[PDB]
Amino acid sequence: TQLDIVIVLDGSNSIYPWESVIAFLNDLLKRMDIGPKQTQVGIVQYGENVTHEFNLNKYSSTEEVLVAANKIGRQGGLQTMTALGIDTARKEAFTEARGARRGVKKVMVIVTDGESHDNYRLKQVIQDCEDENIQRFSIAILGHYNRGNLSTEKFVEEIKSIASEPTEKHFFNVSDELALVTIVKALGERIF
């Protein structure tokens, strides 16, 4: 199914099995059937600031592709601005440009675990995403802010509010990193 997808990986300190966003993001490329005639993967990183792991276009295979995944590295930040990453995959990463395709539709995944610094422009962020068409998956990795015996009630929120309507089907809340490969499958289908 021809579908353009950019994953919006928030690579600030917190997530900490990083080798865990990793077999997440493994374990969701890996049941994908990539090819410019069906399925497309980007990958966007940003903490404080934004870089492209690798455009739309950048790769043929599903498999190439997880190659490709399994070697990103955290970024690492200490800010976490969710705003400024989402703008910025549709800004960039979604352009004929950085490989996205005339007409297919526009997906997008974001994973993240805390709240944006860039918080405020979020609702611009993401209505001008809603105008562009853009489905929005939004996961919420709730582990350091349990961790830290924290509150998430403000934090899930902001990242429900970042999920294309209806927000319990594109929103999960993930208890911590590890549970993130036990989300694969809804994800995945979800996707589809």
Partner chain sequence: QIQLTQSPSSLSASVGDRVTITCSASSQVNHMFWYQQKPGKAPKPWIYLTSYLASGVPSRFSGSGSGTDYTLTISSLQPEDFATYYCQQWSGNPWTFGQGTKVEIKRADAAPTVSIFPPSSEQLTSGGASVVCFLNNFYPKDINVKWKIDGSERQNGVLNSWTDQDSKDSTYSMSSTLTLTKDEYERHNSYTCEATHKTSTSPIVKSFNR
Second form
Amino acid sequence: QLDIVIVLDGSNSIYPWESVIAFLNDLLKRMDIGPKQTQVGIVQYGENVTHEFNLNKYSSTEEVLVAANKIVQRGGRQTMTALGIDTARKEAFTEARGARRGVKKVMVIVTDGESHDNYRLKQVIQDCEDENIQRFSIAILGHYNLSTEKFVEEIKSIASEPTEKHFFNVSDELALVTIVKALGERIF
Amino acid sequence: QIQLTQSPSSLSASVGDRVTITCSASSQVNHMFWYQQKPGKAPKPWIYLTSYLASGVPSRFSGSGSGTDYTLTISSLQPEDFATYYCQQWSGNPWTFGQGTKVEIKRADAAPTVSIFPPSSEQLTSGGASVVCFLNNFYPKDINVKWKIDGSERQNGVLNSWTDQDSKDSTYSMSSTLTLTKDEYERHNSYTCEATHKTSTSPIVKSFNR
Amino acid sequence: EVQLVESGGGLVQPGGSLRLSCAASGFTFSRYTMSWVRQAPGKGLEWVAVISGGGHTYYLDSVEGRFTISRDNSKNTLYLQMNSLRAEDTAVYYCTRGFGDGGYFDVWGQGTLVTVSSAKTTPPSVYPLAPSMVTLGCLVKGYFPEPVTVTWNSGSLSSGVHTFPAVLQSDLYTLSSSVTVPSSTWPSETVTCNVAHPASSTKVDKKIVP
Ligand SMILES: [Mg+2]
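Mind pulling up the form solved in complex with its partner chain next to the form deposited without its partner chain we just looked at?
In what comes next, the whole complex appears, and the chain from above leads the way.
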């Protein structure tokens, strides 16, 4: 019993969008979704943020798989990760959008680059803790491979403690699928 | 929207001098980029992610900053660094550049070599008459040219052009062209070109009659 | 090595259309977000349009609705379709590779010159300019549009040469060039300026006679 909201980076840098969708797919199909099971909402961000669908638009695990594979990349001349997370926190995770009172809030952030708005990331993360939201962050290192160090510390600072059981690291958009297993069986 | 203002708009320094260019953003950005552009050429990637030098950029160059103030610094200005440097941001739309800082190199003052040239007879045949005066390899680049037809100053049909700083000797040159009709030109006799420059008290004067 | 090459520039009338293209090489084109940046004559840089590897496009207000950026990955080419051109669109257009979300211009081509005007293509009139060391030159007057090529003794005489930037007046450019050689070289040895104006398919070798 836990409402899951995936915060997808859809900026110009993300490529190809096919592997990102293959990731959602391979992850969302292993879940039992329902009003009394586990709900999932997806938010995409770039220069701006947009709700793909709310936590309770779909009550079936299959209805979620079809809608998911229907998500289009919106692009973006910036990677406003802070804006994306903060928007999921105070907009997605709200009763109005399907958040279930009492249930555990879980946020999944996937990005491939340092955010342009990293100056409000600290504040945004702290507000996620204050609302007790478990955070799992996934960093795609493609574009950097340039040290990925500072990039890594930023994405980690997004995941909840302990970092080791919340933060993931993949070589590129293709390697995203090699996480679904560990990712899921760690959200239990 | 984010506007960038570079300062100084332009500067002059000697080789060996430590030079620092500034770029202030109207709103905070977490990174700044710089490009070097020389006369008649495409801009070149110079510094990215605030302080990384693009491949080929000599070690004397460095970049720093945060918030709304970023800088580019040349530890030992070399003659080859003359150019216009542009800062640029990718944090706000539309992406934008600063108006740039034009950097020039100081050198010993040098007097201008002035040469005056009467109209071509090849031009006269078509009704026009242009008189040309070249002011070559001088420094500083501050200069003044006045045309004097038969003792009386004239300046209605005068068009000037100045070159950018010389990539070889750091000097400056400029040409002044006075265009009159074949008739006006034949109406007068003595044509003279006057160049005032800090190199001499009195103007360097060249001229001719007919 | 990574490279970009612009094409399609030229003279076009106000209200006209023009299509620019850019061939990329040396990198996996389809994976990069590409942009076009312009620089009006004597001014700064201005980002114009961008297209991600995903096909997403963004534009500068002053061109959205008139310009369309596109790409064809099968030919590793980028395009810029420009409609309803205005005189203010006159500039050198640069094709450029982006980094990250595209806001850092990684690679630049040499550019292509777009001239938006009603002025008519016109050939230059090349006039000879004759008087320790002598200074000679030639006036390249009344041509349009840019560019014009100028060399001396076919480029073998490159030292002591000063080709000044063209000055535009009444829809016609004019520029001068001067060359200085030892007095014991002219007129015993030949001096001629070579001028070509490709837009009017004009070629002329004007020998400088005393
Ligand atoms: Mg990104």
